[PDB]
Structure formats: C-alpha cells, structure tokens
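S.K.: The primary structure of each chain is shown beneath.
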Amino acid sequence: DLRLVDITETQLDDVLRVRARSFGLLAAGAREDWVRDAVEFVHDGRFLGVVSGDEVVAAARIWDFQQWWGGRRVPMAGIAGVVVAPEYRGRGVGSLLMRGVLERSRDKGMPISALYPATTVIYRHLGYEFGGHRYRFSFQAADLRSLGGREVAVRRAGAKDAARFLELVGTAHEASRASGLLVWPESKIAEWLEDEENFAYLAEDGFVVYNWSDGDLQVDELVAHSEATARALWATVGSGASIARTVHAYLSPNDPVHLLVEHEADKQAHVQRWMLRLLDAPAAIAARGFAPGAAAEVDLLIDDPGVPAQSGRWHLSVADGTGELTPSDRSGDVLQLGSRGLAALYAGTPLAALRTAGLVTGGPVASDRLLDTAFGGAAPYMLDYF
Amino acid sequence: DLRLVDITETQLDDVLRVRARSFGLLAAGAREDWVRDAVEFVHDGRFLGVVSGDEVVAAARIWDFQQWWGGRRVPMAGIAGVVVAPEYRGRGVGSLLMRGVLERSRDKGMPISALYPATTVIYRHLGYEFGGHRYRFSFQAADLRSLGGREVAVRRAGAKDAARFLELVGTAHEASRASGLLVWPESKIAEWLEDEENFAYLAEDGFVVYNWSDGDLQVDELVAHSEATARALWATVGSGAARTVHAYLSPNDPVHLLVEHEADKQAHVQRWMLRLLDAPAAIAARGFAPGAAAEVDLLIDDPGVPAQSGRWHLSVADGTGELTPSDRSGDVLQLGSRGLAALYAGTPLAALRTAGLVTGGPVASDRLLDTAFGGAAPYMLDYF
Amino acid sequence: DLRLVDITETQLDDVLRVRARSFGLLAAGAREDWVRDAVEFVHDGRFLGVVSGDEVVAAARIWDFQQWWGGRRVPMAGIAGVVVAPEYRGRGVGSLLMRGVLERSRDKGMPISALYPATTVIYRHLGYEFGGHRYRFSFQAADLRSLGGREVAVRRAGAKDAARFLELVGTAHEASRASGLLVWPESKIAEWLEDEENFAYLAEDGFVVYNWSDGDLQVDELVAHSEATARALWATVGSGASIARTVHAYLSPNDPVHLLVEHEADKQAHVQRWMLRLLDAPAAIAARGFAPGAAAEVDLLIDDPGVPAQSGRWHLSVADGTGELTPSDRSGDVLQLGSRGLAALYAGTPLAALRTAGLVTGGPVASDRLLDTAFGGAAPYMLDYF
Amino acid sequence: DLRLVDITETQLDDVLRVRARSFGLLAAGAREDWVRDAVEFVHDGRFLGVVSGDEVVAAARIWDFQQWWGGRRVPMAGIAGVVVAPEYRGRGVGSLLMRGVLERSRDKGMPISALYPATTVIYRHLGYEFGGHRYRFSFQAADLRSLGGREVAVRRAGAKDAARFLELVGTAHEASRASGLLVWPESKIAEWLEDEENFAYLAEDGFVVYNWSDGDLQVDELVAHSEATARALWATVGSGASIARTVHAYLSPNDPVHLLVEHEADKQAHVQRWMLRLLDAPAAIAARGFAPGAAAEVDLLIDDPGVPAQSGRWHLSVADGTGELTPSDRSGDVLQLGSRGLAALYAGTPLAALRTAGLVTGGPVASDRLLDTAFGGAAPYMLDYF
Amino acid sequence: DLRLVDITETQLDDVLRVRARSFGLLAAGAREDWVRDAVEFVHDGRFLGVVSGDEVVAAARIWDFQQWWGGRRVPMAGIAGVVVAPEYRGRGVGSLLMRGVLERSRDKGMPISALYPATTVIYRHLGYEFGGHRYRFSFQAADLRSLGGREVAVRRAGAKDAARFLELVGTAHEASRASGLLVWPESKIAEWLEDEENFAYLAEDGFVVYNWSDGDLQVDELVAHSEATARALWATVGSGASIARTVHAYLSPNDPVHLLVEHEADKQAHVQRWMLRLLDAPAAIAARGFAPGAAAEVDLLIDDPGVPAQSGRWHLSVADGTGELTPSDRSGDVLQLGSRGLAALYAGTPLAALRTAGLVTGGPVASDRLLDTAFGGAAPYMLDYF
Ligand SMILES: [Cl-]
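Residue numbers (PDB author numbering), protein chains in the order written: chain C, 4 to 389; chain D, 4 to 244, 247 to 389; chain F, 4 to 389; chain E, 4 to 389; chain A, 4 to 389.
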C-alpha cells in the first residue's frame, strides 16, 4: 500500500522512469541537466514522493520562491513536476502526494503556494484556484529597431551584475504595486546570467534578457524606468534579431511597449493561467501589500477541510497598506468561502465573478465594494513558467 | 482642392468604389446590406466624407454608441469604415476627414470616442491611444457540456425578448462596475435576435446568443447572474455531437473558474483606441472606484481639441468625478491627448511615464489617480 | 468518327459541357460572360473543335495577339482553352485538334505561335519549346508606401484611356528592345480598364493596374519612364494595400523596382514558362528586332516535318537591327535544328544549352557566338497568362 | 572609442561570442569546424574586426574568390560573416568595419567585391548594388529518373577529382562566356568533395554534387557537356531521391534541364540576389571579358567619394572581347554614375532601368545602346551562397 | 562486373554509405543500433548484397518471421532494407539482388515471403502482390480513461514476461483463426520489452504495449480476452496519455474497442498495405489453416517463371481445416494463376477481384465459391511495420 516519502538523490532515476511513462524519455543532454538541477531540491527537503511497496510511484518538487503581492514579497511554495504512474490510476495516489506536499510547505514557512496545473480537477479538490496569467506577445523586429534612444549607454551584463538587476526590479515593482511575479534568489539569478546562451544587457536604469533557443528571438524580461532607456533596450533587442521578422516577449498586458511601437502586437498571443492556494491565511494576509487608500472592516466564514487551522470565523482588518486577519466572535450575515474562493480573493479577483462562480455566498453588498478596493490593483501576472 | 462633406444617399456608390481600392468588391448579398444601414448613418448626419471637386475621395461613419465605464453609461462616437483613395497618398486626406469626424461627434454631445486602428501613426497624431482589448478564447465543446445546469429552465428566445436581455445585461454590468463594453441601439439588437443565424436562449437570470463559424461555434454574448444559470447556458452551447467553441469575453470571466479544462493557450488579443473630446463631460459621466478619493490638478495640452487644454482640478469622491477650471500655479501632471485617454481607461501612470505620454508632477500622488481610475480592465465583445 | 470543325454559336453549350468534365461547371454569370467572349472567336474563324459523329468532343481557340521581339511587334497566335472530353482519351483527338489550330494560324498570317502548356509532351511533338517566362514577385507594402514622388499627378484611369496606355508602353518597349510581351487589341485593354475589379491609375509618363481578387493585392502591370513617376505609382499601390503586409506584382527581373525598394523582394517567387513555335520562319525573322550593333552571316539547316514549308537550308543576314532569312545554295558543315530548336533560338536561348539539350547539331562552334549576339538581349518574358 | 583591427588567432572565441548574440550559440561540433575554417582568414590578412578597448565588437572576413565575367576570371573579394554586437547599434560600427574591408581588398589587388546583403541600406551607402541572382528550382524525381542516357559511365567522385572538376567547369564557362559564377580554391573544392554528406559523381564530360541535409534532396551543381551525359547525371539524382516527390536544384535560369524534363518545374521557386562593387575600375575593366562582336568608344564620368582613386572622366574602349578604361580630357555632356551605377552597369543591368532608378544621369542615349551592347550577354548568376 | 554475395561484417560500413545516398546519413546514435542489429543478419546468412568488382553496390536483408494464416503459424521471409547505389541505375541490380533474396529464403525452408513495398513495379515483376493491411486508428484519451475495469490487476512488464506474451497472443489468434499477424522470435520480444522507450503492462489474460517516440502516444499492440481486462488496459493507456487529447493505436478494424468506446475513432486513419509471395506452394498450403467446415477438390494451373519448381497443374484438396496440394496430369479448363494471383488467393482476396484485375483466368466460375469459402475468414492484417 501507499507511503509518503522523501526522494533520495539515488531514486531520481526512479522518478524519471515514472515521468517517462507520461512524457517519454529525455535526451541524454536534457537528462544530465535534469539530474544536476534536482539534487538541490533533494537535499533541502523539497522533493516528495509516494511509494507503493518498494516502488516509487509518484513524485513532486517544491521551489522556494517568493512572490510579489501588492508590492510586497511573500514566500511561496511553487509546486512542479508532479508525476503519477498510469497503472496506479484513480487510487488517490496524487492526493496523498499532494497532501504531503502541502504540509511540507506549511512546515517550511510558506504561507502560500502556486503551480501550473496539467489538469484542474485534482487541484481544485485540494483547494487551488486560478490566480493569474502569463502573457506572451509578438512584435516586428524592425519596429523595435527604430525606437531610437541611441544616446543611452547599454553594456553587456554578466553574473557580476546580479545585485544590480534585483535592485532595479525591486524598485519598479514596489512602485507599481505589482502582483504575481516571482522573486528569484540572487544566487539563482547569477547562474542565469552566466549561461553562455543567455544574453543580458544593462543600462543605468534598466535591463533586458533574451535568448535564441528555438530558432526564435525571445525576450524573457524587460525593465526600464525612463522612455530613453526603454527605447534603447528594445532597440538593442531589435538589433540582435538579425533578419527574423518577429520577436516574442513575455510581458504584462500593461507594458509600455504597446504604447511605443508603430505596429500593434500580432493578434495571436499566448495566455497561460497559474493557480494559488493559501496555506496559512493570517500569515499570507500579513505579508500582503494592500492598496494604499483602502479602509476595510469585514468578517468572513472560512471552510477549509484541507487546512482546518484556517477554518472558522475571522475578521479582516486593513488600512494604510497593511492588513491583519484575526478570529472573531461576531454574529452577522457574514461572507462564506472555501479554499478556492479564499485564494481567488487574495489574488484580486472581483467579487462579482466569485459569486457568479459559486466560490462565495452570503453577506451584504456593502462588503463587496470594500474587499474589491482593498484586494484590488493591477491584475496578477508573472513572466516565468515552472 | 479638398472639402469636408456630408455623405448623401446618392454618394454611397462612390463611397463603395473608394472602399474597393482598399478592400475589393462586396458580394451581391453583403452590398445590399451595406447600403441598408449606410442610409441610416446618412439620415442621422453620422456619415462624413471628403470630396475633391465633385467626387468622393474619402469617407468614415460614426456609430451612435454608448460605452460602459465604471458601471456607468457614457455616450461615445464609434468610428468605422475609414477609407481614403490611393492616388491621394501623402496629401493629408485621412487627417482632414478625421478632424471632420471629431467635430461632428463633439457637436452631437459625445464626450468620448473609440475605434480599431488599421495603423497606429495617423490616429496617435489625432490624439487617440490604446484604451482596451477584445479577447477571444477557445474551448472544447465537451468541456462545456460537462458543466451541467440541466435542472435550470431554459427556453428558446427571439426578438420579442430584447427588452429583457437589456435588463439582464444592465444589472450584470452595474453590479460589476464593468468598463469598455458597447451598448448598441435597440434596433441593432432587434435585427440581431431577428436573424435566424443567431441562436438565443433565455433563463430566469441570464441569456446567451451564439452561431456557426467555419464549422466551429462562436459565442457572441453570455450573461448569467448565478452559477447554475452559467452552467446551464454554457452547457447548452456545448450540447451536441462541433468540437471547438470560441467565445468573446474578459480574461476574468467566471467560465475559467468552472470549466474543467482550460481554454486554449493560443488566444486572439486585439486592441481598440480611445480619445476624450469633452474631458469634463467625460469625467462627469464616468463611474469611479468605490471608496476612492482624489483632489489634484492636471495640465492638459491638446492642440487637436483646444477647449480642454490648460489646467484643471479633478475631484473624485463617492464614486463620482468632477473636472473644473484651475488658475493655480506650480508643478503638475502634464498630459497630451494620448496620455489623457489612456489614463481615463485605467492605464497605470508608471506605463504612461515610461512611454512619455505623461511628465511632471509629484510622483507620489500618482497613487490617488491610479486608484480612482482603476478596477476591472476595460474590454469589449464586438469589433467594428 | 472524328473530324476538324469550326465551332458555331449553337455549339457553345457543347464546348462548355466538355469544359466542365475537366474543370467543373462555371458560376452562372461566368457562363453569360464566357459565352459573350467566345462569340467573337467563332465569327473570326478562331475557335476550332473536333466532333465525333454529331457530338462536339474537343475544342480550342486562337487569340489574335502580337508579341514584342527585339523591340518590334510580331503577329502571333496564342492558343487557349484546349479542352478534350475524358471519354475520348488516347484517340489522338488532341493532336488532330492542334494541327488544325496550327494550320488556321498560318492561313491567317501569324508567323509565330505561343501558349501555356498544361503538359509538355504533345506540344513538344507538335514543335513548341519553352521560349520565355512570367515572374511574380512579392514586396512589402510598407516599402512601397515610402518611395515618394509626392508631386507627381496620378489619376483614376478607365476605358477611355486605353489608347494612351498602349501608347506609353509602345515607346517603352521599342526603347528597351523588349522581347516576349503581349500586345492586346485596344478593345481588350478598354474592357480590362473598365472592369470594376481592376484599378488603374495614369500619369504623364506611366500607369499601373492592380486588383484584390486573391484576397491579396496583385499588380498586373506597372510602367514608368522617369524615377519620380516610378516612385509615385508604387506609392499609390502601397496606399491601396490596406493592412496587408504583402503585395505581389508581375514584372521583369530587370525591373528597376528592385533597385528602388529598401527590402529585397521575398525569396519565394513565382516562375512560369510559356512555349513558342515558328510557323513562317522567314516572316518571323523579318519582323524581329535584332540586337543593336550585332552582325552575322550564317547558314542554317531547318528540319520541320510539322511545317514542311520552312524546311531546308537558309541564310540569315543580320545588321543594323534587322534580319532576313533567304534560301541558301551553299554546302558543308551547317548548324541543323528542328522546330523546337528553331523556336528556342529565335527566343534567344544560348546555343550551348541547345546543344546539350540536343535541339541543335553540327555547324562550326566558331559561328555559335555570332548567333548568340544576333538573338541576344534582354531575356524574353510576359506579364499575362492565357 | 573604436579601432579597426586585424583579428588575431587569440581573438577567435571573442568573434564567436559576438556571433552568438545574433545567430545563437554554435553546437560544439560546428564550432571546431568554424575555428578550422577561420585560421586561414586570420593568417592571410583576410579577417577584419572592430575593437573597443580590447573587446571585439564586430568582424568580417574576405574570401579570396575569382568571379567569372564575360568568359574571363576576375579576382574578387567576397565579404562574409559580417557581425556587429547588439549594444553597438546606431554608432556606425558596421561602416567603420566595411571601410576597412574595402581598403584591405584594394591593397590585395582585387578589383571587385561581392556579398549577400542582410539589409540593403548600409551596403548601398558603401556603394554596392544588386548584380545577379541565385535560383533554386523544384523538379519531380520521377521525371528525372527516366531521362535516360543508360550507357554513360558515372562513378562516385572524391577529393582527388577536384582538379578534374575545375577543368570541366572552366571549359564550359569559357565557351558559354559565363558571368557571376564563383571560382573556389582547389583546397576548398577538395574539402567539399571530401564531406561524407555530399554526394559527388563524375562522368567523362560532366559531374553532379547533391545532398539530403534538409529532409529534401538538393542539387548543388550539375555540369554536363553532351545530351547523353546530362540525362545520365540527372537520372543518377533521380535514383537518389527514393520515394520523395520532389528534388531541388541550384541552376542557371537557362539550364538545359528545362528543355529535357517531362513536367515543368514547380511554379514556386527561390530567387535571391547578390551585390557587387568595383574597387579598381580600370583593373576591373581590363580583366573583364566582353561580348563577342561588340564595339564601343564612350566617355564616362564617375563619382565615388568612397574610392576617390576611380573618380573623374574616363574613356571606355571596347573591341575584340577586350576593354580598357583610360583617363579622358574631353569636354561635353556625359553619362554620370556613382558606385552603385558603376557596379550595376558592369553587371549588365540595362541602362533603361538604371535611369529609371536614378543611378545614372546625363549622357547621349547613343552611349546607352552601345553600353548595353558592351556589357551584355547571359544574365549574371551563381550557384553558391556565402 | 556484377556479382551476388553474402554481406560480411567488414562490409557494413559500405552498406551504410549506399543507404546514405538514398536516405541521408544516420544520426550517430541511430547508426550504432543499426550496425548492432545488422550482425545477427550476417551470422545467420540473412544479409545479401551485390558487388561491382570490389565495391558494394546494393543490399537487402531477411527476417525469419512466422505469419498467422487461418490460426496456424507459417514460416516466412520478411524482406527489408533494399538499397541500390544511385549510379548503378538502369542495370537491373535490384532484380539480381531480389532473385538472390528469394533463392536464399527458399533454401532456408520458408514457403512464403512478405514485404512493405517502396515501389510496386519491381516487386510485382518478381511475383509479389498485396495480401493485407496495417491500420492505425485515433481515439479520445478521455474515452479510454472512462472505460472502467479499475478492479482489474495490471502490472508493469519486462523482458521476463516475453514467454507469457507469446502465450497470451498465441491462444487468442488460434481462437480467432487469425491471418496476417507476425510471430517474432521470443528473444526479439524480450529485447522489445527491455527497451526503456517502450512501456508494457500485463494482466492475467491480456497485455498492452505503447510508446511516446513520435511526440504522440501510440499503442503498438493490445490483447485482452475478457471485457474487464480490455477495459482496464485501455484505461491504463488513457492514464499514461498525459494531457494529450488523442491516442493512436495499431489494430484490426474488427477490434473490440470500437464496440466499447463511446466516441467513434476519427474518420482520418492510416491504411498501409503489405505484399505476399509464395516460394513453395505445396508447403505453404500444407501449413495454412482453412475455414471450418469448408471442403474443396479442384485443379489449379500455376504459371511462375520466377520459381519454375511450382509451375504446372496441381490438385487442391481441402477438408477439416487442412489443405494439400498434389501434382496433376489431368486435362481440362481450370483456374490459371501467375505468382501474383497465387499470392492474393492464398491471402484471401476474393476471386471476383482477381478476375477483374486479371491476375487469374479460366475455369468454371461456379467452383470459385469453393475456393473463396476455403480461403476465407477475417481479413488479414498486421500490427508491425518492417
Ligand atoms: Cl537499411
């Protein structure tokens, strides 16, 4: 029968052997790198599995990310590589694994969690719901070329510039109160900057990173504070583009390029969705940034069989960009939500769509205006996939 | 030797000839129809053109629209079918025509205007800027069928049900303080439901209209106030034997929280532009974020429409806004027509600054402006 | 059993019947149009068919064209709509038909003939060989929109401007010593010009005609002497180009648009070939323009079973831009060639290619060069399909 | 601030670093091959660069080619691998580089230069203009298989046959009076025949080389004197094609295969263009072969600020297949050209097109006709890309 | 001069070079597996070739399969890897090789031969004809998942199970009187399951093997005796199908999935054909199973210049599932067959089709009912391609 387990650096082959049944083998190249990058998860309590008898039959790992929510950085458990063997169909193997993944994360002090679901039913059942997007837009390289900004000094960047990149990014997001985006460890970011096939460029108030990994020029991140720098960095890109007509870029759907280029992005675009769950509701609220003008005094009834600790009646108290979540004895027409409703609300989804989706019931409409302006802001997005 | 003009009914054939230079001829069917509603624009003085001597060399028409903004209805000139004859390249014809269009829209009391731009340059120079999106998502019909809802009563609907649809929509959008959506004249909703190519269904608290498209199904509009009704109408669209269902909707629509399979990663994302014609009127009509408050000065520089140029005070409180003349002095937010239209449409000041659409002013009070103008990103359902 | 016949008015529904079995039925207005055109061919002895008993079983028509050679207009028979009932496969109907066609063409005085072959085998046996090209190139609409020539007066053209179109092009081709191009009757030009699907524009020293029939913008023809008019006419096309990235165009590869435009035409091009036959070789030599400065006195041995009238040893005298092909009494080594080699040579194919292809034998290789320069010049092409 | 430099053996990794940022990383196999082929350029003063401090920021190499023009071999400088670091956009680095390359090419006594232009604008400013084409045609494999010549002997060929290939080609191009085709050093030819993935076959009066490197069969070059040998070599290719419908082929636009094959080549073809420049016009003229029978005596006013040594008024004297350009003290109206006009004229672009595209002005039109005669012949082409 | 040989191990590199001219180079990883698998063919005398003096010029190899016909196993020579150098075109090297192949097969005790034909012409001339099919059908992954049978025990399988797989399939095919299917040797089957790229599962009365080698999920073989097992196995396929919408399967058109699954297979399916040849008619007949309760006594006249040994009049006797072919000296109108007709009949093609195709002629059309019934049953098919 079924046993939760900590994957050893040994049994990585077993994990790959399971994974293969659903995805086929890796190239011997991509395989050597998969294994090299797994060891860190293994020796930091961040690679879990399910064993049946003496046989690894399921596995999942946990990134220790941080994530911007309203301009603050909240520790989050990014779940990836969930695999279950096909001959263990419908024996609730995935649920045991995921129940272990969840408490491992709660134990390590991650008040929230996120993933890209391969299917949605299994994750909705454990209390996840959609929280944001990843957008990919396509541009014409010639357009990026004629943006100008030739006076701006742009140089090539390497791993010695990681401190500088974090600084620029953390300044930008804190200003705009961004939500959804990943914070990568300064360590992990230097590696990215050392990658022979990663091209990174630094101006005084911005940077750009792009790659050629698929026959196509792709921009992974652009950050720029002034118009000048923005035009220089995009022109550096359009200039690296050789003769290719088009260039892809991961960016917010509010990004200033759209306001700068002469041809609109191509109508064909990529829209992905990622999911969110709260693991420690008070803590998540504590770390969150709230819209600076927000007053809100609201009670809410929480039903979370999966994390009973945060189940019950609570009062939300927010003002001055900060929030607190505390138990409550009150007795009124309160708001009722489950883990999904609770995660979706944290993610700034409008209460109208949540009532229509049945993810929340009850309470007065006065409260709906409040939480909409409190949890409101720019729509959550990220640039990464995992 | 060029002059702005009101298109008459007999000049329509000439407009179609100009149109053919850029688009090719209309099929016999689609021509007959084009002329049908062209007549209406002519009659309501919403069909402008440019003549050189005694022959048409450009035209454009003005939809008598209304557009949602913060859960309130605002009169807006939707500009469509802009065409210029090719031999008049480089003589500024398009620009002369559009200034004709701005003035007529202004004179008919529409404080804002919107359009889908074929090219960005001419329209940005007339003061328009991107203001929202139209999104198309693609679902598998099987996934909508699984939604269920079959316990909810749903009957076939038609033209006679137009009034009731309008109640249902208005309730939905007021409740969600929606932004960006068209309100069409009830004659066009009339001919919409009348069309046998369109399939309408109605429940106690929702409706849906859809049709065939290249062998797939397309949802024009779905409104549902409750979960069971949404399940019921999506599952209706998805009933059958038609694998793919396309839908026009916001990225925050509740479908995405119900359907067990995510919409296709490949999506269509188009943009439409906006311009203010009478800023104070536009402000007065707009709905503002509940519990938002702002009291700041603005410097508007708009050579295209000088009446809204100069310094203004903006007052927002209790969901209502007001724009009044200011003679004060000192550092302030400066906006051209483009920055102003994008701000009205909820675009965050950071972007406007990085794009050079806005400069100056204490960057700390950007916060109050973002908040007052914020809310659900503006989108719409239709193309025009 | 089968016999050659002149197609009559009341036999046109039958031709259409045969047509539909190979190509499918026409639309209903296409028929009304197809019929009206045909009637002209019937009343001028230019629509031949083959009947079996009382049934029409094949048919073909003869355009009364002219074609440019070395800057001169040469009368020519353009063969169109060769159609055969599928039931009458392998019975020689095609050959019988074509020989009738060839005969009707000499009888009407056309020294040369041309067509677009659906298959090559039958035509090669009857004496046609490839003689020229039709090129379609693809440009960016944006490149055209910015060529300039802003002051050049350019107006809508229509059926009244037909003679002026033929006038501009006449001086253009006489100048360049052009070869290959079609000379349509003024009547046909006028119809082309007045067609509401076609969009013509006129200036003091040029014109352009284009259309949107594909769904793509297609340039049928552009002519312009001076630089400014060339830039202006292309700029007109660029403005009719809507949001279409791409515009196609039928033109020479010597066309100056390649030297004017900023981005090279697309690599993906359309190259079609048309075939040629001499029917009265002394007459075709007399009518041809010959390269300026070019001179040669050589003998030729022609073997043409298909048209015995032009078999035998001739002598061609060439100087001052004219030629003449007289019966020759000489004897010795002499370049011999058949109908195919005779036509390709007239078309200015290199003798080296003709020898290797085996369409020419014997003769001193010394006087090969003499022939090359006589028939040399800009390579033959046309803009039309038929 | 930047400096023109000769790339040294130590700087070769630097060059690949620049190359990577606009073509993508080189796979370990291809990189060693890049290095082996780069040392020759380095140690013969044919690898230029631009340096900023001690960073390489741009590079280009010069092939020691000869190019056919009118039957004779003219030494030429082929420019390849032009690369400029993305951050150095809008700073004239490309021009700093190319001027060095032009200067170096002139010192080494190559009177002409050619390249394939990624973009037209910068090279046109440096005085290059389109001179010829590369064509690729598509054929049905079955049509080739049956061309015959069953008795012709054909064997595998290899490096040791290099000299024999060069002999056979040289014979052909001399008789045909060819223009545009490359002459490779025998070393490079032997390297080409040596490659295990190029398939080469030798006959008594011809050869063919083809390959499978793209999922399609592609003919690089086929040379054949007689009809039987042309048929044999094409049928050899046809047996190579296996079950594939189509075979692609780089050929002259006048290649005999079009007269031989049963189904016409596909309509869809590839048409690319290369550019040319004169570096030393009197030498370039003296090396050129000229049209047989052609005579000309005509003055010529050249304006080339980019190479002042060839500016001023010259006399073109053309007779007996030989030309000479001498300084002329005459006065009066005369054809004027800058570098682009001069190169395109030398390539035999018709005067008409030159005038319409504004590259040539002035002059009696008497000059035009004799000049079109003087530079005419088969249209310039080549089989190779570089 | 052309000579047939047995390929030795030291000639395998020469074989690959011949293969290369027709299929392009083998990826270095694919090349070593090829040489690996080639040696077993060499050491068992089942790799033939043709040499020209010293050089290898063509090759082919022979699988020692068995093939089901009417529920009995018949030894059969499966031909694969036919290659001829492209320069030896038109010299009949293919025929000389194949005649070699046939003779070796006949020597090794194999009464029949099968192959997938690249072209039909050469194999028909040698006596082969289409005898069966291989079908691929496409199903919704979700429909496979919801088939149920989760109570049924299903484990992962390895080479250990090889004996058992042969056992399960053996009894299934004897039951159904199967024709067309392959019998791999047990060793080839253990190596099959050992392959880390194949995923195999085993139940008490059935198994399934699938893989991901093309980017898609593909079922190589499924077998299942009970309904619950058929259900569980398809469910295992469904589970391992990841997020992929559709799965492909190789099976009979009469397979039981079509009766179980709720959405019909896609209209779009793959249908390949394989050919058959009799090498020794009395042996092949004696090994074949015949239809239950069919009887026949009838004379046949075989005309096989390829294999003279089997020409002449024969008597066919069929009773109680067994048939025997004896020589006859009777006279009188009888059914006449060449090698192709003889194969098609054996394969179960109906006599009416053989008559319209002209593969068969003569004889009382009445007795055709006997023959059709005797050779009849479920249509021959195969899961494997070789
Ligand atoms: Cl093989």
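Rather than coming from a laboratory, the hints here were simulated on the basis of the structure.
Treat the hints with caution; some may be incorrect.
[To be verified] With a Cα cut of at most 27 Å, we get these calculated DSSO-like pairs of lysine-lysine:
| # | chain 1 | residue 1 | chain 2 | residue 2 |
| --- | --- | --- | --- | --- |
| 1 | C | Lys270 | D | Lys270 |
| 2 | C | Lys270 | F | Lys191 |
| 3 | A | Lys191 | A | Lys163 |
| 4 | C | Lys111 | C | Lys191 |
| 5 | E | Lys191 | E | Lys163 |
| 6 | F | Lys111 | F | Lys191 |
| 7 | F | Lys191 | F | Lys163 |
| 8 | C | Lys163 | C | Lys191 |
| 9 | F | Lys270 | E | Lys270 |
S.K.: Return the numbers of the hints above that this structure violates; sort them in rising order.
M.R.: 2
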